[PDB]
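There are 2 protein chains.
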Amino acid sequence: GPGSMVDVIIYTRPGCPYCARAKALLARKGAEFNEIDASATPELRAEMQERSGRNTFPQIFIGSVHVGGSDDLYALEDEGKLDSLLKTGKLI
Amino acid sequence: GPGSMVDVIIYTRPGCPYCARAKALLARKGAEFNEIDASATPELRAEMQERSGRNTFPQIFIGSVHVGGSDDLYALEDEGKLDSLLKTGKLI
Ligand SMILES: [Ag+]
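The listed protein sequences derive, respectively, from chains A and B.
Throughout the first sequence, residue numbering follows the entry's author numbering, covering 1 to 92 in sequence.
Throughout the second sequence, residue numbering follows the entry's author numbering, covering 1 to 92 in sequence.
Since the hints were derived computationally from the structure, they do not count as laboratory data.
We treat Cβ as the ideally placed atom computed from N, Cα and C, and that holds for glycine.
Careful, some of the hints might be misleading.
Stated by the list, open to error - FRET-style restraints, in silico, Cβ to Cβ:
| no. | chain 1 | residue 1 | chain 2 | residue 2 | range |
| --- | --- | --- | --- | --- | --- |
| 1 | B | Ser84 | A | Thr41 | 42 to 48 Å |
| 2 | B | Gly30 | A | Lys29 | 19 to 25 Å |
| 3 | B | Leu91 | A | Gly15 | 51 to 57 Å |
| 4 | B | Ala46 | A | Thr41 | 55 to 61 Å |
| 5 | B | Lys81 | A | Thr88 | 54 to 60 Å |
| 6 | B | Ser84 | A | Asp83 | 37 to 43 Å |
| 7 | A | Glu43 | B | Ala46 | 53 to 59 Å |
| 8 | B | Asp83 | A | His66 | 17 to 23 Å |
| 9 | B | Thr88 | A | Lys29 | 50 to 56 Å |
Extracted from the complex, chain A is given alone in its bound form:
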C-alpha cells in the first residue's frame, strides 16, 4: 500500500510541447504525474493526434476517466474537484 490514492498520467514529450501548465498545478499541490513519450508508437500518437492542435496544452489521465488536459485540469481545481480527482479521478 504505497499510495491509497490513484495514479495520474499526462500525455507529453520529454521537454518541448511545453507542459509547464499541467505541471504548474501539480507542483502547487505536489501531486504525482507520469510523462508519456509520444511520436514513438501508433497507439499513443494516434490518441494524442485527436487531442492535438496548435500544440495546445497536454492531456491528463485519471484512472478510468479522460480529461481534455490543462483546460479541464485547471477548471476542476477552481470548482473544487481536484482533491477527489487526484485521489480517485471521477468525472462528477
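Given the coordinates of chain A, work out where chain B with the ligand should sit on it, guided by the hints.
Only chain B with the ligand this time, still in chain A's reference frame:
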C-alpha cells in the same frame, strides 16, 4: 559568392513546436531556412517568449527585417512579396 540572395532564418526547436507550416512554403519554393534551438539561451528564449502563445506558428527572420511568422510569411506569398523577400527581405 555562394548566393547572391540573402539568408533566411526561423525560430523553432528541432522538431516539436511543429513548424511544418513555415517549411510547407519554403519547400514549395525550395527556399533556404535556418532553424534555431530555443529554450537554451536567455537571448533567444526571451525573444520568442514575446512572439510565443498557444504554441502558434514559428517566427521568420529576413535580413534586417522582422516577421510575425507563418501568418506574414504566407500572407506575402499570396500578395506576391515572397520573391523579393527571399532575395532581399524587405518590409514594403
Ligand atoms: Ag521537442
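Here is what the structure says about each hint:
no.: 1; hint: B:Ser84 - A:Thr41: 42 to 48 Å; verdict: holds, 45 Å
no.: 2; hint: B:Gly30 - A:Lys29: 19 to 25 Å; verdict: violated, 51 Å
no.: 3; hint: B:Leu91 - A:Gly15: 51 to 57 Å; verdict: violated, 35 Å
no.: 4; hint: B:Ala46 - A:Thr41: 55 to 61 Å; verdict: violated, 35 Å
no.: 5; hint: B:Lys81 - A:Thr88: 54 to 60 Å; verdict: holds, 57 Å
no.: 6; hint: B:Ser84 - A:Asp83: 37 to 43 Å; verdict: violated, 60 Å
no.: 7; hint: A:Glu43 - B:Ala46: 53 to 59 Å; verdict: violated, 38 Å
no.: 8; hint: B:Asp83 - A:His66: 17 to 23 Å; verdict: violated, 48 Å
no.: 9; hint: B:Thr88 - A:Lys29: 50 to 56 Å; verdict: holds, 53 Å
Of the numbered hints given earlier, the model fails hints 2, 3, 4, 6, 7 and 8; all others are met.
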